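The data below hold one chain only, encoded as structure tokens and taken in the form solved without this ligand.
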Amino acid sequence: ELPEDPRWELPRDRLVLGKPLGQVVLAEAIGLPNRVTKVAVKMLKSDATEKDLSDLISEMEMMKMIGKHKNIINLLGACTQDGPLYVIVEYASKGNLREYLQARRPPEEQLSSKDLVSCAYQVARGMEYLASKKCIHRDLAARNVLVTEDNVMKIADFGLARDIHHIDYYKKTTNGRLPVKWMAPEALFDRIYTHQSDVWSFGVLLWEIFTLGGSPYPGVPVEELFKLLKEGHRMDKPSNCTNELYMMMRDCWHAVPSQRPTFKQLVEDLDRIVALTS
């Protein structure tokens, strides 16, 4: 059924499947000849539909088109013949960014201010590459940034298939948060997604970094969030965050999409700030 692609195919016997990561399982790839590499393997569930199959294929195809970058979860290979489709991608042993930040809050080693700004920089770089490749994430948040054993930030789920005109606004994340809290007003209210709306989301992610995994608008339900947005509300400055970095967040949250900085600009600014950060 699936078309062969010599560019990415890995023999099934080269993939030693292991512990479920989240369907995604950790595995060891032999070769990719006598070396194993820990990798993450994406596959469908037993009750997956043909639509589910198509979405997994689309994501893999999208990853192929987009190409590689140090700050995104990269495609490593695939098992598409005679068996379940396996989409092999990079493994991030330290989990998502939200978790990573929370685990390092003071009463695991505390992150320095430079560490925090560097985290933001890497994310902005991953996004800068994605935007250059014509990709709009649509759900940029710390939950969607994974951290490798070497502390490299990698944007995940950038090629995910999603029907925006079918998003359940009242649906929560696994951690119990509302994804609508990362959406630009034009994406939320008008269903218009752009690189500009991704920048707004990046502003929220910046906030998450400086609050060390903080939850935006705690206790605020969908309906109330709509009202806050309509009224032009902006979250307060996290303590232990410079006015400069807060200004950046506020610029990312400009009501006018055309007035927000681009990821290219953000990368340059963050590059500047990191170097100047203690």
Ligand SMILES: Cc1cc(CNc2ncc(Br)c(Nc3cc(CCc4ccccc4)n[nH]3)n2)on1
The other form holds:
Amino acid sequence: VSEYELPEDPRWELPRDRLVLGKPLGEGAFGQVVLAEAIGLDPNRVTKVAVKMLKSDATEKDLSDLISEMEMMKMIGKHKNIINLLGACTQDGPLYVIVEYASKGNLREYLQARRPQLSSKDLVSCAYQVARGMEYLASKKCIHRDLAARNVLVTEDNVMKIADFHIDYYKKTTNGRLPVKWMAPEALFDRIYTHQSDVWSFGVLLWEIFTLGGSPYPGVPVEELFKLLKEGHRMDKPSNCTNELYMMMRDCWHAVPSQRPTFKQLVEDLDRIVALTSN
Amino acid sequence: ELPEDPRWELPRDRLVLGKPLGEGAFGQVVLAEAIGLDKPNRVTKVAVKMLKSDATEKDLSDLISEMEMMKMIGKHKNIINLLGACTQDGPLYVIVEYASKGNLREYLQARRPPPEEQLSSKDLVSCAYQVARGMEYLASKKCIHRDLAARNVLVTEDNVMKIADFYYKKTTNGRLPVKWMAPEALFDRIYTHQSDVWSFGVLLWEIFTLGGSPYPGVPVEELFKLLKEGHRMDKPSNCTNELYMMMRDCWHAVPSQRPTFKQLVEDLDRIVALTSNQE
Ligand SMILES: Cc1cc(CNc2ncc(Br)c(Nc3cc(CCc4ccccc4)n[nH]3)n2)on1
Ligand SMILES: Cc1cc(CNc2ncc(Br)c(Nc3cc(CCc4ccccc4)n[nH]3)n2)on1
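Go ahead and give the structure of the form solved in complex with this ligand, now that the form solved without this ligand is out.
All chains and molecules follow, beginning with the one already shown.
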């Protein structure tokens, strides 16, 4: 257990004949993600879905991580602004974790492909949506520890969906960026992770939206980032970004976590800003 | 002994040495009172450069050459002008204009919102216009600066910008001079008016960040990388797109594509007249 078999869950189980596996989408946390077609998830209608499964070189550890991510997604519940669980194939074969398909890829890549196609209102709506998804995850006692535009997926209908539910400082991503650049000083220095440290990361994510997928602190090594933060240095105001939205970024980047806004306050402020912003 | 030049010689009794102002290129600078520089009964506050007690024969020859060069250059409102010299029977005193408000970097930092009175957007563009005018004058006298930075610009009691002094070593403020250098000056040791234009672009960024430190958190080796791959500094938080485009133009990879100081003067003159002093 679960060497020969996984326990069932009829709430989420989908017969394997109702799932037609398609093209690979890319790697994700704990395995590989493929595009698929599923027949009646929630009856005779076909839905394009994403399927996460282990890589052929996975171990028992990788399997237990994939099961725990599936179990956590069952516990989190539905929200428009998160990648939702739709089903699972757990019996008689490889584990398939079936979730929502976001056709336009990650938010970083989505914003870069739209650099001079996105109005000021579109950019604020993108921020409102991420804040809404974060507020929901926070209420479900979920701490992201990795909120960045790369961890946000965009659907065909431009809906923002968050894709996350001794740690290395020098490790780089596929686009060659350091995750420490999204971390609050207290998470970075004291390994203290809270909803307030995720608020700091949201401020970095706001900067990524307003620079249309810009790279934080470019050319700044890990050790130099530590000194800049300790010195109270903050990233510059992205070009064309309003002072109000920069003040929001700066508020998210307050040194005292209790002084940063909550996700509930960010949602209310962003809701108001979206309605006032021109398209 | 030094040869006498009656055009510039002032008797030693006509100069009353006062408080030290600070260190400068090739020696030490003190505040002084010169009796009858022009009416013979009038005193004028002047700056006096002299060698430090630990100066060498190279230091003396460098001080003489700076004095000799200043004699040739001729007068301009936007450069520190030579007023006289005590060259006979005692230490060499190079007497020049006194700029009471110190260097431009320190002048802009003391005027940041919290200390001295805030500068309007028009004041900042006027400051850039004045430095460009001084540079245009020096360029017409076939003079290449090689070290244009806000630290090398002095400010008078009347807010007149005056240019002075026309890889791991740090200044008194812990800044790397390589951060003001064009790639061709940095890599090939090629210094032209076009490499001074690059430095002017860096100086513009210092004005618009109110004495900000260029490429914060970027080490020398990483700066080399970034420049080679075409990376440039971000637009300062408080800077129009037009003024950022000017900086970027100054930072053109191909030196022949950079604006000249003549073009920068005309553009800045037009921008000053269009810029508001209301904020
Ligand atoms: C973040 C991220 C990117 C990837 C895979 N790379 C990828 N490239 C292009 C496209 Br288009 C695309 N779409 C897509 C992926 C998903 C859910 C994945 C999932 C998320 C959470 C839990 C299980 C599965 N839905 N739609 N995915 O996995 N996590
Ligand atoms: C650049 C720089 C800063 C310094 C000395 N440090 C200083 N601190 C405060 C104040 Br206020 C002040 N004023 C001032 C300095 C000068 C001419 C210097 C000079 C330049 C060239 C030749 C001779 C003399 N005039 N007025 N200077 O020297 N070069």
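Take the two forms, superpose them, and find the largest set of C-alpha atoms that agree within 1.5 Å; that set is the rigid core. Residue numbers count along the first chain shown, from 1. Shifts are known only where both forms have a C-alpha.
Taken over residues common to both forms, the rigid core alignment between the two forms yields 33-35 as the one run of three or more consecutive residues whose Cα atoms shift by 2 Å or more.
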